[PDB]
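Engineer: Position chains P, Y, G, H, R, D, A and U relative to chain F; hints supplied.
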Amino acid sequence: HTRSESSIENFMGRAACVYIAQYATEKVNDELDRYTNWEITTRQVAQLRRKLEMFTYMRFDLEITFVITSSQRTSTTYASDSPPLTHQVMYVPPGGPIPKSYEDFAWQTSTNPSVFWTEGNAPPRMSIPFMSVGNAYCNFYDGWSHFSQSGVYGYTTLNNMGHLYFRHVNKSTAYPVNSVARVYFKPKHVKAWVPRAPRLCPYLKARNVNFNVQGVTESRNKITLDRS
Amino acid sequence: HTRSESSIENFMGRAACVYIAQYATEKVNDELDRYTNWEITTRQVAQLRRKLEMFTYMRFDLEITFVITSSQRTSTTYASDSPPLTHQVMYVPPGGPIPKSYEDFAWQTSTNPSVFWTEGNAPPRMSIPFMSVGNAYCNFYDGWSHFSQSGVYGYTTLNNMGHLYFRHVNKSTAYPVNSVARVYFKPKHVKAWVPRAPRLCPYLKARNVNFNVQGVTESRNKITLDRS
Amino acid sequence: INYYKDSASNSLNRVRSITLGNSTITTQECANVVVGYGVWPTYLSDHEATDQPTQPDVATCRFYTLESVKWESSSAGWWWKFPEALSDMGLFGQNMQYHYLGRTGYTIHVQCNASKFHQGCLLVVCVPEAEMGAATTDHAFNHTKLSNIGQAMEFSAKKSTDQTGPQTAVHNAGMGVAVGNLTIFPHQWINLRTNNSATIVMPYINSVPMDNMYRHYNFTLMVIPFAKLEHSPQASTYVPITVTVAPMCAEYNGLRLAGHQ
Amino acid sequence: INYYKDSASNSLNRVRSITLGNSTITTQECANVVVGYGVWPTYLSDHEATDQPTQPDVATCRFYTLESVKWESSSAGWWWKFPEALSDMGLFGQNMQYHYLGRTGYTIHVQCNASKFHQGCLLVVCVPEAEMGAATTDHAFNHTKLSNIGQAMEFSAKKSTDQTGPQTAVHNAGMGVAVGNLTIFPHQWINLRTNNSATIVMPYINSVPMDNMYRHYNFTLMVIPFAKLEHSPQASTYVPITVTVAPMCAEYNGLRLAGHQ
Amino acid sequence: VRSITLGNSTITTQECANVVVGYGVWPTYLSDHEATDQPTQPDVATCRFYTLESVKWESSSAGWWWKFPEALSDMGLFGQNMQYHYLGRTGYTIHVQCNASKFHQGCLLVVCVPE
Amino acid sequence: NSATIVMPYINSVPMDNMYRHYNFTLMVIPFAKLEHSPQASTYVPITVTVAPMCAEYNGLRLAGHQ
Amino acid sequence: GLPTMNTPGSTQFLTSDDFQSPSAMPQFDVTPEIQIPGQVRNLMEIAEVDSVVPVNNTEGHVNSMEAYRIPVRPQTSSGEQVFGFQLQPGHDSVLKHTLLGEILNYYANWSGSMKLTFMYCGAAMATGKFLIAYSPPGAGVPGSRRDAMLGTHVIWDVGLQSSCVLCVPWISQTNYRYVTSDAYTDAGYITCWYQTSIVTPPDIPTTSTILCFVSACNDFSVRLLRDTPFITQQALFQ
Amino acid sequence: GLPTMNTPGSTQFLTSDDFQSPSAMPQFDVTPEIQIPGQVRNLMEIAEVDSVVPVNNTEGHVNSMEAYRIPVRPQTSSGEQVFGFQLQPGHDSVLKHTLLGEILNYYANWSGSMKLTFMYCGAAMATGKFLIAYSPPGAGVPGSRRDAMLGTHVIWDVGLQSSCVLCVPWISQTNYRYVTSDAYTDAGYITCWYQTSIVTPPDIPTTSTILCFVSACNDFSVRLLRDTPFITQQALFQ
Amino acid sequence: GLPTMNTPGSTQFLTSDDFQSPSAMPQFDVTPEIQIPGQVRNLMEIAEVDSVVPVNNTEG
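Protein sequences, first through last, are from chains F, P, Y, G, H, R, D, A and U. Quick note on my numbering: the first sequence kicks off at 1 and runs consecutively. Quick note on my numbering: the second sequence kicks off at 1 and runs consecutively. Quick note on my numbering: the third sequence kicks off at 1 and runs consecutively. Quick note on my numbering: the fourth sequence kicks off at 1 and runs consecutively. Quick note on my numbering: the fifth sequence kicks off at 1 and runs consecutively. Quick note on my numbering: the sixth sequence kicks off at 1 and runs consecutively. Quick note on my numbering: the seventh sequence kicks off at 1 and runs consecutively. Quick note on my numbering: the eighth sequence kicks off at 1 and runs consecutively. Quick note on my numbering: the ninth sequence kicks off at 1 and runs consecutively.
Treat the hints with care, as some may be off.
Here's a subset of chain P near chain G, in silico, CB distances under 10 angstroms, partners left out [to be verified]: (1) 57; (2) 61; (3) 97; (4) 98; (5) 102; (6) 127; (7) 128; (8) 141; (9) 149; (10) 200; (11) 210; (12) 214.
Simulated from the structure, these hints should not be mistaken for lab results. In this text, a Cβ means the ideal position worked out from N, Cα and C, and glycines have one as well.
Looking at chain F on its own, in the form it has when it is part of the complex:
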């Protein structure tokens, strides 16, 4: 009975979705934006969050895979012949310059790690090492950002990993096409510390530990069993 599936690296070492980015080819709405950004966080999906927040301190190494799938926008005609779409994901480090719009020259970088992908190939994956200014990743920070105990209470000040910027490399399509990129995180080389109680109440936001009140366990009829 080797406890192989109960180790930390078998528990956390599995790909799980963390963000679903949506971007189009035509800026029909402000929301698609023709490109999309995402500050890196692991508090937006409940299933990876409850795995992460059983421990106060983590030291996980990371692997990031994207599953980009495209689909045509609903118009009156759809007959066209287009070359295959090329996607670009540019990891912007914290504090670096961001693209202000499409057709900017921040996408033609010189130090930002970027990746390209044509539709039909294997899903592109990249690895990101331990990105911290300390000795662990703090899943819970019980304090404030300012020295006068004001501003921001929570783990948000210590979660500073950067941005992911998604765009289409192709300039134009003859009919607009919406792309959906699903970011998948796979922890590796994971070292954990200070085990925490598992979360009972379902989450409410992404930047705090706020909750609504719940009972500890769903109820039963009596306290005793009765049958022959």
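Structural biologist: The following block gives chains P, Y, G, H, R, D, A and U in isolation, referenced to the frame of chain F:
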């Protein structure tokens, strides 16, 4: 604290865009030309230029990757069925014969290194060694081309690497399609000499060190801080 | 066989007296002393750096006594946040204002006695990084409602409706968990049948070697009754609970003017 | 494991007297002599080739004195371009016209004295390959406005509007950088409080072993005051700065008729 | 020229001129023969150079005086340890500094009178 | 231009309460008065920089000093 | 070059794959690991730790602290039941939300001996004996103390010791049991019975409290990792 | 042939990848490398070199040489401030455009001791003492010499030496601080205070100049290479 | 099989590439090489040989 990201080879050894070539399938305008040329220079993008011009003398080896993406021209109809486009990049050495037009026989070479690429595959990369008649690449040349101190003042006389010629191998498409090839340079085996001050004023052209006047640092209110 | 040169690119690895300075505590019948996560609070090593770390050994590592709290029948529980409850405590708190960073371990000694004719059970637990949620959601709370200067913040039996306070429902521990699962944190049960006290020695638990001891509560001490205090009405009524904390191997750095703005 | 046979296809590698000929300088109180980028100017080795290199040792390596310049209150700074400021200098410049290629090191000795009641600070720096920008953009400048024959070209405090000159704004150094960042180039600060002189020995810095010494200024010597010269009005007013350069291990090749057309 | 470091503090200028040490005795800690619990010695956080308020030297200046350990009363963590403790014991290193040009004149007497 | 005196602990007892007994005083007395030319600088300041050396304490109680 | 041949299973994304990947930030200097107390190398070392069981979960007791308090009191006829729950860790709504059950719910199999620790939080002058039995599944659940004495039991006297330990053994017909239990692999029944009574002197309150704790022994093991059926979100948490 | 299987991450272009590639000009004879003075093997050896700090950047002083000149003069009340700036290398608009800050702006992390060299460019007959303090972040910025003497300071007499060195140590709660600074990792405050005065003989100008230089010590280090947020171009430079 | 990963630069035709290729006529018996005078191993050995220069190239 191993200074690993502060070495020269980690600093310069990253792909960065240096030129964005544009060419079409139909010569709608003189500019597309149905093909396009580019004399090799690294003074057209600011981000690689400021990395290069911290040193007076470089000896970098080179790797050149292209990201060619195509997109249909705006017409009234778009329904077609075309075989995949094949692109050709022919590196012409300095002094060699150039193609005068499309359908020329200079594209069917015998010594010029060329590469072919069908859309949908991996981006094509090639390597170019240290291309110089001297012992270093001079980022700054403080002198003239002629012995009588006339003609050309600057680094342009010592920047002689050749041309890149982009074209479509396919003869005709049933509707015109514009291709955008983004050249990416990745230095390697880099040896630097004589460190220069980092550039303050933003650049103005590509063949000189001309600038407009700027202040050394954006200003503040007072010279002293005042709070308890 | 590894293909790359970076480790991000690899694959997975598949009776008894306790004296501190001029202070002593009693009664301990050689019953139980819980030490942290198996770690005794020691001084920092030389591998973690960084000038000269200041260690006022005898004049600081001593037993400070807080204000006592009343254990009634309808008491949900209380909590203190350290190093904020030892803020105005002797020369421990004078060294906090004059220094930038700090580091300390503890030995919390909670004491609550009663007769042989009483009953009730306490849970004395030490939760590190007890990030509390909001009572009113989408509205951040003030720091004074989390922890005052050495003042015992109490829980509640029902949900709160405070706009700028923490959620003080005691069966959810103020955090978002079940309160019955709080035994993984270092703790000791006070049973009025057989214990009458609890002593836990806590080491320094953080992700950094040192930390500014104003804008980060390193851990909290929750005292939650699980079995409520019932006694005969002709017995004694006032049953007080007293918390006696002492720092252990306190270090500081970054000597400047007195804080903490 | 390498797959290819060409190295382009690999992966990344992840009081005191100084005598030169019949010339000596004074005063030097054994203060400071800066030598280049750590390299003393020597003759060329046999690995760099290419007939017989001509080395007129004693008749050329000597201290030439340029024209003195006035240090006023509103002086922005000056610059000289070598080997163009030693053009009409003895037998150094006669060997430049008769030869195709040349190679030389230097020892620039800038000297500027004042009383104990003066103040002001100079920066004597040696910038190699100081490619200057245009004053009026998209209009190339003449070579006479860059460097005349041994004549001190001066900076300006404001921007220029010359159509065929360099941009002489002194806080941008005429190059496109901040003038405060000029300390990476080999230099020495003249402080009128404690220095009164500056001596820098410069080696041959180029990307080729030899070079034609007419169409390429190998380096420039900028003298920029950072603290302006202030004195009492009853003191002495004329404070001159004098530049004394000597070549070191000068070599030549390519003997033909006298240039330089 | 000569630097004297105490904690995170240094003084200048001293041209290796003169340092007077007491009545020939350097201030050390107390021995075990004099008693009396545990003596508290905050070495680095207290033994540091505190700077007082400057005083104007005019023509008609008679002189000034300070009384120690009363002039270091509100001085950092030296004075916080004075209130919380009954007894104390300390040595000193007083560094009085007053500069002028070559065209000035005048002579000061910096003396340390006990009791 | 300066003066530096290192003073030991001088008392008749090994320790002493540092509120009700000034252990020593520092007198700064000019013997030759400061004369300068009227066109020179006028404000000549004197600055006292004291550091304790090997400070010890005993008798830890509540904060004094009544 | 080397002639290759693509086997089926290429160019896919198995989400539980173990493959290398090119790094985004190469030659990155990671800050050094240090000593932090309480390093967990395995999820079973969390399930070793006890946690008090909400046995009294009869609504509305689950919204307060009273769900953890089992009420005992003097009786008029000995041999009656105090509590009793089906031994379905991860599925029975008594100890599914405990520290053992919330770890078990991330899996689909479990195998090992469980340990129940009880603690009498009564008066110091109060005494009495309890029979804490465990009956293997069979047929069926016992309905009396005379019936639930024929299996595995301990007789806990609260005068001698305040804490008892009932180590529930692994008596099964398989190697593993499912977390989401069914009729195939039942695990049995835990009950508690008044052995004699609760005998107090006067001036003592008539109602007391027993807490019950659950943990896992050294032979506990899990298998077949899955998603937990507790948290349900619809959109991304903003 | 050899049966292969494409893992995810194939046929992509990671811009920081390290892969071999076929050469365009094979068997090419490279001209030999020679001795050129001043070979730089590391960007930190540039940040070792001092560079004078534009402390007096109060507009319109930044368009002239006066931004590098800190004006000192005789005083009427001792103990006043000369200059003071927040220690944000790469972010504070005093030394961000220096040689250390322009190298730091290509990164997102920094860790090491900084060294400040000051130089009094006054008359040779002029003297005086300065207090150059450094207060760790804490709370807050000091507002007097009596407040900014309780941290780390040096007392520089300009009669003895014309240059002083204030080595700002690394006293932080992390391993690294960000270049684009925030409230999480402050680095402290540099100030300068008049210790006594500036005492000159007659026939000396009443205003002098101190220059301030910044560099990096041997424990300086950087991390997380990125793009610099200074240069912004729109189209290709022609 | 063996998990591979396509790097950029695959499925292209660099015209100065050096790659092996399957033969069209396998096991082919080549006729033997013999002694022929004047084997040239290098183009510089041709440039060693003198050739008379048309110096008087003034039309016609």
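Engineer: Which hints, by number, does the structure contradict?
Structural biologist: Of the numbered hints given earlier, those the structure breaks are 3, 4 and 5, listed in rising order.
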